Amino acid sequence: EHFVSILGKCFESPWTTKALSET
Amino acid sequence: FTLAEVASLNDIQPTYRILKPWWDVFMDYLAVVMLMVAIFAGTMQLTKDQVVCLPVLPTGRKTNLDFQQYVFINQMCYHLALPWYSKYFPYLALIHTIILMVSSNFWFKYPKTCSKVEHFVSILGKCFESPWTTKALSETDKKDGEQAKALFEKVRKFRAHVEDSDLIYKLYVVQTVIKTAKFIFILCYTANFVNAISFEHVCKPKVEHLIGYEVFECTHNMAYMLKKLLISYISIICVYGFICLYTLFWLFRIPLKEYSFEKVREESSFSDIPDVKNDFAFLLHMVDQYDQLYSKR
Amino acid sequence: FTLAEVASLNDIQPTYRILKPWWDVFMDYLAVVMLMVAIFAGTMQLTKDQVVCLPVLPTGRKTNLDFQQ
Amino acid sequence: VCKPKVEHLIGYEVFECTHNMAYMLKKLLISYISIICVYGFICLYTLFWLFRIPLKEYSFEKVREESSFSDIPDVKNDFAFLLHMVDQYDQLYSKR
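Residue numbers (the authors' numbering), protein chains in the order written: chain S, 194 to 216; chain W, 2 to 59, 135 to 216, 277 to 433; chain F, 2 to 59, 135 to 145; chain V, 338 to 433.
It is worth saying that the hints were derived from the structure and are not from the lab. We put the beta carbon where it would ideally sit given N, CA and C, even for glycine. Among the clues, some could well be false.
Computed spacing ranges between beta-carbons, pair by pair [stated by the list, open to error]:
#, chain 1, residue 1, chain 2, residue 2, range
1, V, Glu398, W, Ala317, 42 to 52 Å
2, F, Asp12, W, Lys318, 46 to 56 Å
3, V, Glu350, F, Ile13, 54 to 64 Å
Once the Cα atoms are required to be at most 27 Å apart in a straight line, the calculated BS3-like pairs of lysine-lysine come out as [to be verified]:
#, chain 1, residue 1, chain 2, residue 2
4, W, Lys192, W, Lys364
5, S, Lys202, W, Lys163
6, V, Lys432, W, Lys49
7, W, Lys364, W, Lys318
8, W, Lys306, W, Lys188
9, F, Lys21, W, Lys340
10, W, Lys393, W, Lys49
11, W, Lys163, W, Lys49
12, V, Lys340, W, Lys293
13, F, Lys138, V, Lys340
A few chain S positions that, by computed beta-carbon distances, are all more than 10 Å from chain V [claimed, not checked]:
#, residue
14, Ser198
15, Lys202
16, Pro207
17, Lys211
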């Protein structure tokens, strides 16, 4: 349950795509 | 037993008013009607099914038979002198309706498929909730700017994601032709015995050293009601295959369906804000069949 | 007689679009269809179960019995 | 054909019944067995293949391959992770 919470909160972070469009 | 409100809850999509064209809604609603007719057939078949035989001449006639070999004799005739379609029809109709509805929507709940479809409905739902879009359309705060900037980045991430010879188009084509094959299958079968149903049945089983009376006849009890319910079923499936073959052959043949590039290109041509105007193997003109506004915005 | 409604609905999971492969879905829906076969089996089995015997012979042979035998 | 022991009750020893279920139950049986043969064949074969082959420890080098075209130094993922199986839903969430 907590693991699905990890990934379901992991997906929407805009910093992730800000750092993936960076390098 | 096996009612509509549990056959529906076997298989239903969560909330998607979008990604259902009008012909898909008529397929779903008419399949529910056909399941209602099949379950009414099952109830009426379980209610009053019994046959009744009696023998030939070799006032009234006595013949000296007790009641119990009468119920043996119409049991034995009921499993020998009946057509297979005289008593296996509603259960086969139930099976075929279940296969029809889940072949209507297993395109939609396939795990390689449902990912990008769920993600696309999430993209369009988040894309409709930005009031900057209607502000810029009013032309041609302070939060939706950076929200729409992050959503821009989601958009051209998603654009780079779904670019293959996709399983959406191929899966939907093979799904439609297999349910059309099921249509052709049952309407090829059922004409033969809507042509010939019967009310009275002569029978000659092998039970002669049990009672006697080698030739004797039954009447069956379904014939009028089951024949009328059968022709209503034929009408329903005729309308279903009509709508299915008509709209789906024309939607397969008239566009190229990878011309969503062309339709967003036309949209850019009259939109006064020239967009990227090119997209491959893409889903969006189904949403256009739902509503043009969710494609424009 | 363990009716079909709760036996169907006692398998649902709320948000797990993740954590199912293709065969989780195939095994799940296929077992639902097999449950439908079993429930229809139980209903039809309870409906018209009865057998009917009669004696061998050694017009209508009477053999002189009564219904409750 | 039945031979019950109730002889001092009616007077008959060898006689017969018919059974109302036989044809419907046999056809329902072969439908049930076709369903279960499909079930067991599919789930046996594909669970054999996702039992033997990835051996539940290659997700470390999988995340290393993930990093190998994302321009980030690689990390050794797991000892006990379900991240293979989430991978069978999407490659996207394993990348992301």
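Against the structure, the hints come out as follows:
In this structure the hint that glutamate 398 (chain V) and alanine 317 (chain W) lie 42 to 52 Å apart at CB holds, the actual value being about 45 Å. For the pair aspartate 12 (chain F) and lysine 318 (chain W), the supplied restraint of 46 to 56 Å is violated, since their beta-carbon distance comes to about 27 Å. As the Cβ distance of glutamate 350 (chain V) to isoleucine 13 (chain F) is approximately 57 Å, the hint placing it in 54 to 64 Å holds. At roughly 46 Å between alpha-carbon atoms, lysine 192 (chain W) and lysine 364 (chain W) are farther apart than 27 Å, so this suggested pair is violated.
Pair hint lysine 202 (chain S) plus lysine 163 (chain W) does not hold up; C-alpha atoms about 56 Å apart against a cutoff of 27 Å. Proximity of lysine 432 (chain V) to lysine 49 (chain W) is assessed by CA-CA distance (about 62 Å); at most 27 Å being required, the pair is judged violated. Only pairs whose Cα atoms come within 27 Å are accepted, and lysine 364 (chain W) paired with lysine 318 (chain W) is accepted, the gap being roughly 23 Å. A threshold of 27 Å between alpha carbons decides the hint, and for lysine 306 (chain W) with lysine 188 (chain W) the separation of about 13 Å falls inside it, so the pair holds.
Straight-line distance between C-alpha atoms of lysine 21 (chain F) and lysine 340 (chain W) comes to about 57 Å, which puts the hinted pair past the 27 Å bound. Proposed proximity of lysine 393 (chain W) and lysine 49 (chain W) is contradicted: the alpha carbons are some 52 Å apart, above 27 Å. Taken as a hint, the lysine 163 (chain W) and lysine 49 (chain W) pair is honoured in the structure, with Cα atoms around 12 Å apart against an allowance of 27 Å. Simply put, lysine 340 (chain V) and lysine 293 (chain W) have alpha-carbon atoms about 79 Å apart, too far for the 27 Å limit, and the pair is violated.
Between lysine 138 (chain F) and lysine 340 (chain V), the direct Cα distance comes to roughly 21 Å. Compliance with the 27 Å bound is thereby established for this hinted pair. Every Cβ of chain V is farther than 10 Å from the Cβ of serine 198 (chain S); the closest lies at roughly 13 Å, confirming the non-interface assignment. The beta carbon of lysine 202 (chain S) is kept farther than 10 Å from every beta carbon of chain V, the shortest such distance being approximately 12 Å. Against the 10 Å criterion, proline 207 (chain S) stays outside the reach of chain V, whose nearest CB is about 12 Å from its own CB.
A cut-off of 10 Å between C-beta atoms confirms that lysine 211 (chain S) is not in contact with chain V; the least separation is 13 Å.
Figure legend: structure checked against the earlier numbered hints; hints not met, in rising order: 2, 4, 5, 6, 9, 10 and 12.
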